[PDB]
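Visitor: The chain contents come next:
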Amino acid sequence: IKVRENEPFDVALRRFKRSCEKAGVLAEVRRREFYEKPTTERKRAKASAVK
Amino acid sequence: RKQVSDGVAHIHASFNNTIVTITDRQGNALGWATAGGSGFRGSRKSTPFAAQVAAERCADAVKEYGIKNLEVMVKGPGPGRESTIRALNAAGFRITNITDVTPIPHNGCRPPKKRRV
Amino acid sequence: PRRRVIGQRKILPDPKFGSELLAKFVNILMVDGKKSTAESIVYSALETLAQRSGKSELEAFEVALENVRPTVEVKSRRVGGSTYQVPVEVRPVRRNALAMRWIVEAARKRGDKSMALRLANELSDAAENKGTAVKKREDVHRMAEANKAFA
RNA sequence: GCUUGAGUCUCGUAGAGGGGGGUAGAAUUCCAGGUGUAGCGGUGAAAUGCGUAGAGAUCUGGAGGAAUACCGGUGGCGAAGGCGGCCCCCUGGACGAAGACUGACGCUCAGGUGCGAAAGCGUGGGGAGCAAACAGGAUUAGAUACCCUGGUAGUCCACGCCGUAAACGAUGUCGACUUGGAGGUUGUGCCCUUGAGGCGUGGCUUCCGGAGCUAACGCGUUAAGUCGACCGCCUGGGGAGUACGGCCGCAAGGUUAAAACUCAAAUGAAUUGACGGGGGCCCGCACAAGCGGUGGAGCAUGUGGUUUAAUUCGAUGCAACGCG
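Chains as they are written, first to last, in the entry's author numbering: chain s, 4 to 54; chain A, 13 to 129; chain 6, 2 to 152.
Note that these hints are calculated values from the structure, not bench results. Misleading hints may appear alongside valid ones.
In the SDA-like style, the derived pairs of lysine to any residue whose C-alpha atoms are separated by at most 20 Å in a straight line are [claimed, not checked]:
1) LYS5 (chain s) with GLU36 (chain s)
2) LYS125 (chain A) with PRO41 (chain s)
3) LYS149 (chain 6) with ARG56 (chain A)
4) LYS25 (chain s) with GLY104 (chain A)
5) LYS126 (chain A) with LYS20 (chain s)
6) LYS87 (chain A) with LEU16 (chain s)
7) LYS126 (chain A) with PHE12 (chain s)
8) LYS126 (chain A) with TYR38 (chain s)
9) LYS87 (chain A) with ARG127 (chain A)
10) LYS126 (chain A) with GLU31 (chain s)
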């Protein structure tokens, strides 16, 4: 979660949060408890991941 | 006044508004500025521009403390936050840490229903 | 413009000063295909402009037009189902094209006697940037300055 | 009698199988306090709402309830419903390896009995979040909706009831046979284990496909192929899974289950097109960028209407209206 750097620093370059929290994990927990749509969203996500 | 010389910039980016609170390392607030309090009410208070002018305006109003070092703590998602920390090192601050402190439940409370828009 | 990227046609420069800039200014002023009339108006008006300001001809014109050129202008998008007025940087040819259109339009708005006096007084009011075309430029810049939040 | 079906014993393996008890960490809400100050929240935009009685932000301390991120996987377990932190206790099943034992003890099953999501019901608790009802704000022609702000039952626990779901692989159970390929998961044997190998042999499971079948779509060794055993159910659409009666249920209702009348269709799958406020690519003064008009005035001319003895007939969205 943290970053620090010594005096050679210019830019933020914190892409630790395109790794874990920001993009998916908080936008997922904005909306409803189903049990049902996730079983089919994961079903078609794993059925789309195919060659 | 009181001459703290190090603080924390808690930026609270949400989808509708970013609210920047500059405090000390004890956690006592020294002065805040919101994107909605800088003109541009409404669809324009959730933009990176509004967040950066909110952060410029929060860098003002803590001149009475002589803050040079600060950590940055970032909550929430938002069109803000990224631009926000930029405005902080456009205001002479030595930005030391950038932590992202978004609250994530370990499957806690049930989130609200919504949005069949 | 759907498909066709275009060239542009070359205008003959001004027959008194060799200025294609001022040639496009007499084309912006021209009505009903009467070019002789419009260049008479431009020569009279800029001649009294050069006599009044005492500078010279087309540097008095170039100053009076430099005060009315827009910096950025608003522009509609309609991308996310919403009406945004985004600010966008004006191209130089469009920059002085808008400058001349605002000078000429504001000069047609004025209430003096002859067109050479309306436009000579409009360029003179734009030399110390207090006329109507500068209020059009400040108006455009208030729109693009208020809506700066979209880039 | 016999062991190739079924079962017992020995040793292990994997597992969100079940029931009871405890605990942990993040987060939401509330309460008390510090800093601090003008907004916060919300939306397509807003407003209701909260806020100088000091909100929101931020830090500290506390309480409480529910759910258990990451692992997490067309992964696993379960007859099905379903089961997801970690630990203990009680407990069910499955699978594998070698050997021993019983010796057809088997398969299916009308009535019967049990289990059976969610919502609901009863009694007693609990109540943080979420949220039917409800209230307010918007949107709209209206808006008893979608959106916003609140919000009660309920969701959670104990015990009892209900007894249903698109309770679905829309595929009853058990057994046998019939070309293949790529995986996943869990055992086990053999070989230099010369490593994240090589060769087999089981259990469960995913995707694609051969013959075959199928109205087609598709199924395809986990069959919808080729057979056998037993059960359940169907007989045109509507009326109608309704009424009456019976049984069950506290009720809601559940189950069993018609007829009169009425139609000549209702239906399945696939084809061609058209359409979509579906998707991709592309064009045209289509939009955009501009310039000049029309709609306002007077007149010209055409039309509708009205008038008239007649105001000849035809043209009438675009593509009729100085048109024939």
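Visitor: Which hint numbers does the structure go against, in order from smallest to largest?
Guide: 1, 4, 5, 7, 9
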